[PDB]
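Visitor: So you can see what is in the structure, the chains are spelled out below.
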Amino acid sequence: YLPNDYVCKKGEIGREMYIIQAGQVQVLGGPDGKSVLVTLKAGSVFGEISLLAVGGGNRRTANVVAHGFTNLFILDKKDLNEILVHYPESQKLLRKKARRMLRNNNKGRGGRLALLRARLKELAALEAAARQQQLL
Amino acid sequence: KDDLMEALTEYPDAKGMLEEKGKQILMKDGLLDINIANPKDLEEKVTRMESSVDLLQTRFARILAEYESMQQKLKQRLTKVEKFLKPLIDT
Amino acid sequence: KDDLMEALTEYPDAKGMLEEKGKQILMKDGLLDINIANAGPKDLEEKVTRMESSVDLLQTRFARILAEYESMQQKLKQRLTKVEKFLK
Amino acid sequence: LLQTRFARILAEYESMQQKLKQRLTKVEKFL
Amino acid sequence: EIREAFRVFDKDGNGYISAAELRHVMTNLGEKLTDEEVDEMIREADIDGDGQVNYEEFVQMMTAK
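Residue numbers (the working numbering), protein chains in the order written: chain A, 5 to 140; chain B, 5 to 95; chain C, 151 to 238; chain D, 108 to 138; chain E, 54 to 118.
It is worth saying that the hints were derived from the structure and are not from the lab. Misleading hints may appear alongside valid ones.
Cross-link-like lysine to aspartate or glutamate pairs, in silico, EDC-like; alpha carbons within 20 Å at most [stated by the list, open to error]: (1) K171(C) with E160(C); (2) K79(B) with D88(E); (3) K101(A) with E86(A); (4) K227(C) with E135(D); (5) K13(A) with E160(C); (6) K171(C) with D183(C); (7) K225(C) with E119(D); (8) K45(A) with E20(A); (9) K192(C) with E10(B); (10) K84(B) with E234(C); (11) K238(C) with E86(B); (12) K44(B) with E196(C); (13) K44(B) with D193(C); (14) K197(C) with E48(B); (15) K136(D) with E109(E); (16) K44(B) with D183(C); (17) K79(B) with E218(C); (18) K25(B) with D37(B); (19) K238(C) with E135(D).
Just need the whole structure built from these sequences, with the hints factored in.
Guide: Dropping the structure here:
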């Protein structure tokens with residue numbers, strides 16, 4: 005990447021996972037943008053959380069810009085899926101990690117309970133109607 | 005064979021006509037192996053199995069809810085009995 | 151076409167937008183993309199696979215429920231025996 | 108097979124619940 | 054649904070549900086009848102007068118319009 009190149013743009017799919025082998029990159033944040041928040045150096049990875057996502061579900065959070073001539077190692081999500089095709093015991097672990105990360109943000113037994121509640125409400129409406137008919 | 009199949013992927017009736025006339029060619033001399041070798045029933049059974057599973061799950065949900073309610077009532081009764089016996093056990 | 155569907159794997163909403171725009175275009179000019187052709191063997195195969203998955207899930211749920219019920223019955227029997235022993 | 112197993116399990120659960128309810132009723136009547 | 058409701062409320066599985074067992078049918082079922090109200094509901098449903106609601110009595114109560 006050339007100097008002042010937007011490695012990651014804000015509001016982008018960000019499917020890949022970059023690692024740094026030579027150079028430095030900076031996360032352009034701040035109040036109105038164009039402000040450096042943190043710079044990562046050789047040996048730093050970023051964007052790995054997107055490798056376990058689904059089609060169009062990892063819109064990038066901020067902007068990432070290369071300070072100078074940087075040397076990144078991209079690993080696309082499609083390649084990860086192709087590799088995962090041949091490894092199910094790691095696929096289950098990766099999906100469990102994804103489910104944990106998605107569960108830690110929102111906050112057959114359930115369906116059976118819902119069906120029982122619907123049946124109970126239907127029976128209760130009829131019981132109230134029978135009580136009213138006995139009264140009336 | 006694979007090239008023929010993948011070229012026939014875009015042609016739905018060409019494969020049927022080809023197999024029909026291949027059956028005719030075989031019938032010209034040594035008709036296939038079994039002339040009575042001649043689908044929807046399999047799909048119907050596949051769907052009926054899913055329908056039966058759904059009905060069984062729907063029944064089992066209500067059964068489990070009723071069992072949970074009965075277990076809660078029995079546990080409450082047992083807890084009341086234990087609390088009543090508690091005065092004699094501790095004293 | 152394969153390239154187009156490969157470029158739409160990360161834009162599921164754009165896929166629906168494209169299909170809707172194409173459908174309105176066909177309705178404006180063409181045979182109105184007649185909707186009486188079908189509504190939903192591929193469909194039968196998908197339904198069979200979904201039914202098999204639902205049956206497997208129901209069997210697993212039934213096994214779990216049976217194990218839980220057996221554990222609860224054993225615990226209740228143990229509690230009743232302990233209460234009887236304490237009373238006696 | 109699942110339907111048959113469910114029916115058998117329901118019958119067994121009914122019998123076990125009957126035994127437990129009889130025992131609990133006897134205990135309550137005694138006390 | 055009637056058979057499942059009777060089985061859930063009638064935890065005894067003997068074909069008869071007692072007034073106390075109705076409490077176990079409270080959470081499982083969707084009706085409100087306990088204590089004096091439970092006894093009154095049992096008397097109304099128990100036409101025979103044995104103090105317990107049978108399968109036929111439960112069916113009649115559920116289908117009574």
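Visitor: For each hint, tell me whether it holds in the structure or not.
Guide: Quick rundown of the hints versus the structure:
{"no.": "1", "hint": "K171(C) with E160(C)", "in the structure": "holds (19 Å)"}
{"no.": "2", "hint": "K79(B) with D88(E)", "in the structure": "holds (18 Å)"}
{"no.": "3", "hint": "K101(A) with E86(A)", "in the structure": "holds (19 Å)"}
{"no.": "4", "hint": "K227(C) with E135(D)", "in the structure": "holds (16 Å)"}
{"no.": "5", "hint": "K13(A) with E160(C)", "in the structure": "holds (16 Å)"}
{"no.": "6", "hint": "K171(C) with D183(C)", "in the structure": "holds (12 Å)"}
{"no.": "7", "hint": "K225(C) with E119(D)", "in the structure": "holds (17 Å)"}
{"no.": "8", "hint": "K45(A) with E20(A)", "in the structure": "holds (18 Å)"}
{"no.": "9", "hint": "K192(C) with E10(B)", "in the structure": "holds (18 Å)"}
{"no.": "10", "hint": "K84(B) with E234(C)", "in the structure": "holds (14 Å)"}
{"no.": "11", "hint": "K238(C) with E86(B)", "in the structure": "holds (13 Å)"}
{"no.": "12", "hint": "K44(B) with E196(C)", "in the structure": "holds (14 Å)"}
{"no.": "13", "hint": "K44(B) with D193(C)", "in the structure": "holds (12 Å)"}
{"no.": "14", "hint": "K197(C) with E48(B)", "in the structure": "holds (10 Å)"}
{"no.": "15", "hint": "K136(D) with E109(E)", "in the structure": "violated (28 Å)"}
{"no.": "16", "hint": "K44(B) with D183(C)", "in the structure": "violated (28 Å)"}
{"no.": "17", "hint": "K79(B) with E218(C)", "in the structure": "holds (15 Å)"}
{"no.": "18", "hint": "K25(B) with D37(B)", "in the structure": "holds (16 Å)"}
{"no.": "19", "hint": "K238(C) with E135(D)", "in the structure": "holds (15 Å)"}
In the structure shown, a violation is registered for the earlier hints numbered 15 and 16, in ascending order.
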